[PDB]
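A.B. asks: The residues making up each chain are set out below.
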Amino acid sequence: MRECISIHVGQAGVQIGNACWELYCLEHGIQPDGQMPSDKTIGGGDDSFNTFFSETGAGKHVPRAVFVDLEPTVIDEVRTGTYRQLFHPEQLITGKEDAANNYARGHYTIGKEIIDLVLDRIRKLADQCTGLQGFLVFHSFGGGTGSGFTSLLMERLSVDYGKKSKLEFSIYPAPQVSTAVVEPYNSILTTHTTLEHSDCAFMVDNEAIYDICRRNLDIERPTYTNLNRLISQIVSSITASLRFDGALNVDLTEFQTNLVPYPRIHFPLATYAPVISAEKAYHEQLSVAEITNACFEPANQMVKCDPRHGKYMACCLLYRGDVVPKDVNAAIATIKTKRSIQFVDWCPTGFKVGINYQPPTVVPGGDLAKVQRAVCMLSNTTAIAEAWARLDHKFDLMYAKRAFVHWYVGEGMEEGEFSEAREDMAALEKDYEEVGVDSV
Amino acid sequence: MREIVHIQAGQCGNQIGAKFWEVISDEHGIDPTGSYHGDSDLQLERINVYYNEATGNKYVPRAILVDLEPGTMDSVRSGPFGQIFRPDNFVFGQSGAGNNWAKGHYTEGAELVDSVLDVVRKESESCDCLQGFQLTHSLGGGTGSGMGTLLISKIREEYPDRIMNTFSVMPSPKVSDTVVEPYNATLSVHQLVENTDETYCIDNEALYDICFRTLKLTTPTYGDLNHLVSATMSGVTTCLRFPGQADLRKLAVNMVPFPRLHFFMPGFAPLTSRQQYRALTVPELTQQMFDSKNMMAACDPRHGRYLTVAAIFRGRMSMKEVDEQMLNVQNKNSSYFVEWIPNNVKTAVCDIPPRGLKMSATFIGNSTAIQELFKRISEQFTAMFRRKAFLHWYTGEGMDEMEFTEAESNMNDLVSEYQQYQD
Ligand SMILES: Nc1nc2c(ncn2[C@@H]2O[C@H](COP(=O)(O)OP(=O)(O)OP(=O)(O)O)[C@@H](O)[C@H]2O)c(=O)[nH]1
Ligand SMILES: Nc1nc2c(ncn2[C@@H]2O[C@H](COP(=O)(O)OP(=O)(O)O)[C@@H](O)[C@H]2O)c(=O)[nH]1
Ligand SMILES: Cc1cccc(C(=O)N2CCC(C(N)=O)CC2)c1
Ligand SMILES: Cc1cccc(C(=O)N2CCC(C(N)=O)CC2)c1
Ligand SMILES: [Ca+2]
Ligand SMILES: [Ca+2]
Ligand SMILES: [Ca+2]
Ligand SMILES: [Mg+2]
Ligand SMILES: [Mg+2]
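Chains as they are written, first to last, in the numbering used here: chain A, 1 to 440; chain B, 441 to 863.
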């Protein structure tokens with residue numbers, strides 16, 4: 001019951017999915033062949049981890065996941081990698097020719113040739129669920145598949161599953177690791193097209209993760225592997241409420257109630273701590289107070305923005321590991337006196353807390369120290385609209401000259417779709433201003 | 441044989457209800473397996489009020505457990521006295537209510553409600569003469585609030601001349617799970633105004649302050665709060681569970697002078713921290729019982745006036761000294777009792793004390809000061825509703841804004857009604 005189906009779209013979605021499912025297996029004690037010796041109910045069960053893993057009669061624990069990409073080379077590494085036995089072959093779907101960093105090819109020219117097969121595979125996963133809760137969709141904003149095919153898939157999932165919840169983990173582009181000049185175009189197009197189909201979206205700014213790796217982990221030139229290991233820890237913190245049971249556990253959906261005051265205002269800001277190397281963590285035990293205070297350090301946010309220059313509409317603290325409410329309450333009291341956390345006047349100001357007792361885990365060969373306790377803060381702040389503004393400005397510079405637009409028109413799109421998408425973004429920026437103004 | 445049918449709905453409703461049945465099962469000498477092992481005939485005199493007698497001298501609570509998710513009732517079934525409940529009396533769905541009054545009242549709750557009524561009807565059909573019903577629930581969630589008030593409405597349709605009583609936990613931003621609690625509580629309060637005869641208002645803020653300030657608990661939990669609710673529920677039902685006077689209707693007739701003003705503030709004494717073996721004198725019991733700090737609605741009685749007051753004293757004590765102290769509290773603070781209801785302060789005594797105490801006192805007030813509770817809720821409701829904040833959770837279930845505006849006016853009318861009798 002309460003199953004969650006994960007969908008990983010494009011290179012960024014697939015590679016982040018690799019890191020997440022490896023981490024999940026380590027947290028739950030699942031071996032690369034899918035066996036889980038601690039699971040005494042063979043072939044089934046209703047344990048908390050069954051939200052993300054189905055079971056076969058042979059004792060295999062199989063991720064409730066589909067991997068999809070329009071070219072094969074990334075998913076091919078999964079097919080031949082360490083966890084190749086984890087997935088059934090039909091869960092890994094590839095085409096031959098990718099979207100060439102063109103939303104139009106991902107949503108139309110190329111995506112339309114594989115969308116039906118993808119939906120059929122998702123249906124096979126749904127049929128095995130006794131109480132499907134919804135989907136988790138991982139994808140980049142900047143790639144042609146991550147943008148165009150994700151939006152096509154989200155539209156089709158609304159039709160085939162109605163208002164069943166769909167959450168996103170969306171990779172927001174940064175110049176240090178970007179691969180296409182037109183990524184601002186693709187980002188605005190998919191954000192516009194997906195907006196009414198997504199119930200909640202966690203943006204991950206690649207530049208924020210890049211800075212954290214360089215600053216806190218002493219990684220000179222972070223790679224996708226470095227970035228994805230950190231992203232997986234944040235993803236794990238957010239989904240841990242769904243995969244583990246506990247007296248103090250609070251379900252992600254209950255945080256969602258507080259985080260989304262209006263349908264379009266559904267982009268929480270995530271902050272994670274502690275991010276520290278083994279060399280620095282040695283003999284340095286980071287307390288509940290220390291990791292909590294770090295949550296309000298802007299340098300630890302998953303999206304670059306200044307919450308001090310906006311207003312809060314919600315603040316949630318998701319703890320895991322050796323944490324008890326007494327220490328949380330004391331930590332929060334301190335913060336409430338040294339940081340002015342300004343809420344809009346129409347919203348309560350109490351922090352919402354959940355605790356999962358299962359301690360954090362790390363993948364061998366990684367950069368993060370193993371820690372006894374960690375926290376992910378999820379806040380709804382008007383400041384996250386800064387991320388839209390930066391993207392919209394790059395869009396405007398190019399679109400005023402119609403640079404690169406012929407690539408999209410040549411694949412069937414119309415200039416009207418660009419202005420329509422950009423106007424929706426302008427309205428969204430204005431919405432974020434409006435909700436922050438005090439009531440009359 | 442004046443049977444009462446007990447219903448507990450949602451997470452809060454089932455967790456407080458489970459503790460209530462643990463407390464009174466102990467008082468009546470009923471073990472977790474339903475077998476009687478007391479030593480006083482007073483334990484069984486009125487046992488059929490809350491328990492059905494099964495084969496083999498087994499006593500089974502006349503209780504129905506309701507929820508839209510399985511988690512909490514799984515905990516109850518595995519809890520201390522979980523095995524004492526009738527297995528068929530567990531009625532639950534899988535979807536959950538998402539802290540959403542509309543889901544409990546109009547969609548998810550609507551799909552399950554008929555099966556709950558089947559169990560209610562079954563229990564009512566085996567009653568020699570049913571008094572009425574008691575429901576335990578919170579108002580700030582979705583199942584207890586939304587589906588609980590749906591159940592009350594359908595029970596009144598099928599049993600229109602039976603008394604409906606609730607223990608209703610009021611939300612507070614100090615002890616809050618979600619921000620929509622004032623929405624759910626405002627929607628429920630109107631249902632209660634229309635469809636219950638008596639509602640005990642239990643404010644989570646008052647329960648917290650008692651645990652933190654008086655009981656000196658550094659980190660109060662929901663369990664600590666429920667300990668106070670269990671003790672209070674046992675206190676206010678003593679006169680129903682032991683020889684006295686008497687039944688729900690007679691209580692209502694002497695407590696409720698106007699039909700809509702049926703929301704009570706309960707209180708308990710002693711409330712002692714761990715100096716716990718000290719003997720408590722009748723004056724101490726009487727002074728604390730009327731102290732605002734001993735009350736669980738988070739309303740200052742000195743801000744309003746008592747329409748009616750009931751006080752129950754438990755334990756082997758001097759009934760002569762009880763009257764002297766009671767008559768002393770009234771005749772020393774008569775400015776807070778309306779003078780147009782003569783002799784509106786009634787006192788009752790019960791010989792059997794609660795477990796672990798030589799004597800205790802329970803307080804039931806129908807005070808116009810309860811308007812402060814409804815004012816707090818109304819202000820929190822409007823702060824969000826002015827901006828239509830979080831409404832999409834409710835319109836997605838088919839509700840319209842007009843229903844929120846009507847609930848807003850209904851509760852402000854209720855506040856206005858209390859204010860006229862306070863002057
Ligand atoms: N954090 C992270 N970002 C990635 C990763 N792979 C790609 N990206 C980012 O994703 C954007 C490019 O999109 P991709 O996911 O590679 O493209 P795609 O979805 O495969 O679509 P096409 O190749 O155009 O068909 C750039 O901003 C990259 O920096 C990854 O593994 N981790
Ligand atoms: N006193 C008390 N209040 C509770 C408890 N559990 C939840 N609440 C309160 O009830 C409201 C949440 O409703 P809940 O019963 O959990 O939702 P439901 O399961 O949908 O009915 C909030 O105001 C909580 O503070 C409990 O065990 N004791
Ligand atoms: C479909 C639907 C229905 C109701 C609200 C929205 C919504 O997301 N906003 C953004 C916030 C804005 C405001 N309050 O200033 C109002 C519209 C969308
Ligand atoms: C102060 C108090 C008293 C009694 C119980 C609680 C409690 O366990 N929660 C759950 C978590 C919730 C939150 N804000 O996250 C607050 C209520 C808190
Ligand atoms: Ca199993
Ligand atoms: Ca607007
Ligand atoms: Ca249904
Ligand atoms: Mg690609
Ligand atoms: Mg709850």
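Hint data in this document are derived by calculation from the structure and do not stem from the laboratory. One or more of the hints may lead you astray.
One side only, chain B facing chain A, incomplete, derived with CB under 7 Å [to be verified]:
| # | residue |
| --- | --- |
| 1 | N539 |
| 2 | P613 |
| 3 | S616 |
| 4 | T822 |
| 5 | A823 |
| 6 | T835 |
Okay, the calculated beta carbon distance ranges per label pair [as the list claims (entries may be wrong)]:
| # | chain 1 | residue 1 | chain 2 | residue 2 | range |
| --- | --- | --- | --- | --- | --- |
| 7 | A | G45 | B | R561 | 31 to 39 Å |
| 8 | B | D471 | A | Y262 | 47 to 55 Å |
| 9 | B | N773 | A | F343 | 38 to 46 Å |
| 10 | A | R308 | B | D471 | 41 to 49 Å |
| 11 | A | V159 | B | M441 | 28 to 36 Å |
Every residue gets a Cβ at the ideal spot worked out from N, C-alpha and C, and that includes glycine.
A.B. asks: Run every hint past the structure and note whether it holds.
C.D. replies: Going down the list of hints, with the structure as the test:
{"no.": "1", "hint": "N539", "verdict": "holds, 6 Å"}
{"no.": "2", "hint": "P613", "verdict": "holds, 5 Å"}
{"no.": "3", "hint": "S616", "verdict": "holds, 5 Å"}
{"no.": "4", "hint": "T822", "verdict": "violated, 10 Å"}
{"no.": "5", "hint": "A823", "verdict": "holds, 6 Å"}
{"no.": "6", "hint": "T835", "verdict": "violated, 10 Å"}
{"no.": "7", "hint": "A:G45 to B:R561: 31 to 39 Å", "verdict": "holds, 35 Å"}
{"no.": "8", "hint": "B:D471 to A:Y262: 47 to 55 Å", "verdict": "holds, 53 Å"}
{"no.": "9", "hint": "B:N773 to A:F343: 38 to 46 Å", "verdict": "holds, 41 Å"}
{"no.": "10", "hint": "A:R308 to B:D471: 41 to 49 Å", "verdict": "violated, 60 Å"}
{"no.": "11", "hint": "A:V159 to B:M441: 28 to 36 Å", "verdict": "violated, 59 Å"}
Hint compliance for this structure: hints 4, 6, 10, 11 are broken, all remaining hints hold.
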